[PDB]
Amino acid sequence: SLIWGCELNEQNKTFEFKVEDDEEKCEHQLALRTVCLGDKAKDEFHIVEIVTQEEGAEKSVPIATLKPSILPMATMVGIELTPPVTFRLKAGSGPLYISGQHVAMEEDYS
Amino acid sequence: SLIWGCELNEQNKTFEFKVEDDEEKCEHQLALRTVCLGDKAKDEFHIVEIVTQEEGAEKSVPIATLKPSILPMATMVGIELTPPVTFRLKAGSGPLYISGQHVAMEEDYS
Amino acid sequence: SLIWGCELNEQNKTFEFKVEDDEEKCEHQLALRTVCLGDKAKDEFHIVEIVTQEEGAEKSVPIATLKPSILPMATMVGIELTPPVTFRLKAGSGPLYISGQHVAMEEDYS
Amino acid sequence: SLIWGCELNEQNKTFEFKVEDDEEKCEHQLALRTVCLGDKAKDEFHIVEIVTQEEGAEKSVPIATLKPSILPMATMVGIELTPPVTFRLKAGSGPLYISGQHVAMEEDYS
Amino acid sequence: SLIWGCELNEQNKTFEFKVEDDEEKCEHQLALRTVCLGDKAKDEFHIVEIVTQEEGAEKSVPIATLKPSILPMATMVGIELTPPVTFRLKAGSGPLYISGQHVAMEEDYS
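Chains as they are written, first to last, in PDB author numbering: chain B, 16 to 125; chain A, 16 to 125; chain E, 16 to 125; chain D, 16 to 125; chain C, 16 to 125.
Note that these hints are calculated values from the structure, not bench results.
It is possible that part of the hints are untrue.
The list treats identical chains as one, so a pair stands whether inside a single copy or across any two.
Below, computed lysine to any residue pairings styled on SDA-like, alpha-carbon distance capped at 25 Å [said to hold, decoys possible]: (1) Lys55 x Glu73; (2) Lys55 x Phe30; (3) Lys105 x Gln116; (4) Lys74 x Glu122; (5) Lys105 x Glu22; (6) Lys28 x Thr90; (7) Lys74 x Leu17; (8) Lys55 x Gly20.
Construct the entire structure; sequences and hints are all you get.
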């Protein structure tokens, strides 16, 4: 369980949890823990979602909704991602920081 | 675990998590994760429930209650649905978006 | 897991989760999920508790405390009741609706 | 799982979860569930902790922090005590009620 | 499960969960439970994080964000640390108290 974090904002509205092609050989995940508003986040309900594809029709996984006045930070426990997995802001301007741990296995290279 | 979402509102007060009859042959579920108020949701306590039937007397499963000022979004973890399962708004006007993952198994069609 | 709900208020200050004597033969439970204030609930901290008996001295299990302005609804996860189990309002006027699922096993009556 | 509750306040700043010496022969616990402010609690952040001893240097286990305006009640799930275990108010005046279930095993005395 | 707590503030912006080299021989952890603002904490969103190192590029694990007016205290359940693990305040002035239990095994020294 290496440890992972990123942000989504108007400057980084989209992101991606992707593991290196060499590293992707193993089973890799990203077990998310928390999502917290950034310093430049607007006072509105910013929504973090995932972008993927199903049956050719565009789709996304809503992850969280945050607002500094009510819910600036929430616990994203029970949410895991199998890389590659795109990140997007369904709503808001960010920065919405997403935390977690990149679960990655490594072979014996000794 | 394909990934799933819908909304309930005055325009869609009722919905249903149903898997296709061909797909229903396998064990299908919908493990819910979160429920979040929509952009057009009223500032009141909107309640999301499920509609089913027991012993011929009408019944529903209350899923969540949300309000933009207090609890616009909640985590619907530990809630799973076996399709078909109707959705309804016990109270409110919506849109109340319900998230989750449609757990579906597929046979080898190669 | 049949599904269950009730309310406690000045009209129903006390209630009971009881399974029928014929049904009680099996192991029956009521896994609670959520507790939500009713439409007629006062703007105060209404407390839901259970009534039982220990060593002959009167006792109760506090389940929840709710207020429309702060915590109108809470998740009563991890709380399970073995029938019969009385319900009472430690404080408040209700209606405080208690949700859950009545876990009940049935024999083969074919 | 017998069921347990107590309060800590200026009148009862300290308490203890202790099982009777005769009962202590078995493995006894107190799985805590919730902590809620009392009727006489002040509008400040009252902190509930445990008192014990380690390596001869005084120590305590902070359990919770509550305030009527923000967090009058919280879920103390995942917290278990092995009796005897002293209770104290790290901060506040109480009453802070602590809930739970005293898990106790009994031999066959028939 | 010995029991553990510390604080991070302008006076202690950095800390560390480290087990003694003699004690480190066994598998040691620190299962965190809660994080609560101190008496001298400013009315802003103080962020607690961990400091470590990955692939030579500096990094940290954000643990929590707290504010007395909204979220003075939160439950840090599901978070565990393998010593040594540095603590830092990503934002804020503290004191932000971090609770938990130091899980430590000891050999038979009789």
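For each hint, the structure was consulted:
1. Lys55 x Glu73: between (29 Å within a copy, 22 Å between copies)
2. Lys55 x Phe30: within (18 Å within a copy, 28 Å between copies)
3. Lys105 x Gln116: Both. Shortest intra-copy (23 Å) and inter-copy (17 Å) distances satisfy the 25 Å Cα cut-off.
4. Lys74 x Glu122: between (35 Å within a copy, 23 Å between copies)
5. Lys105 x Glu22: both (14 Å within a copy, 15 Å between copies)
6. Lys28 x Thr90: both (21 Å within a copy, 23 Å between copies)
7. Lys74 x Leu17: Between copies only: 11 Å across chains, 28 Å inside a chain, cut-off 25 Å.
8. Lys55 x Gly20: For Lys55 and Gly20, only the intra-copy Cα distance (17 Å) is at most 25 Å; the inter-copy one is 29 Å.
When held up to the earlier numbered hints, the structure conflicts with none and fits them all.
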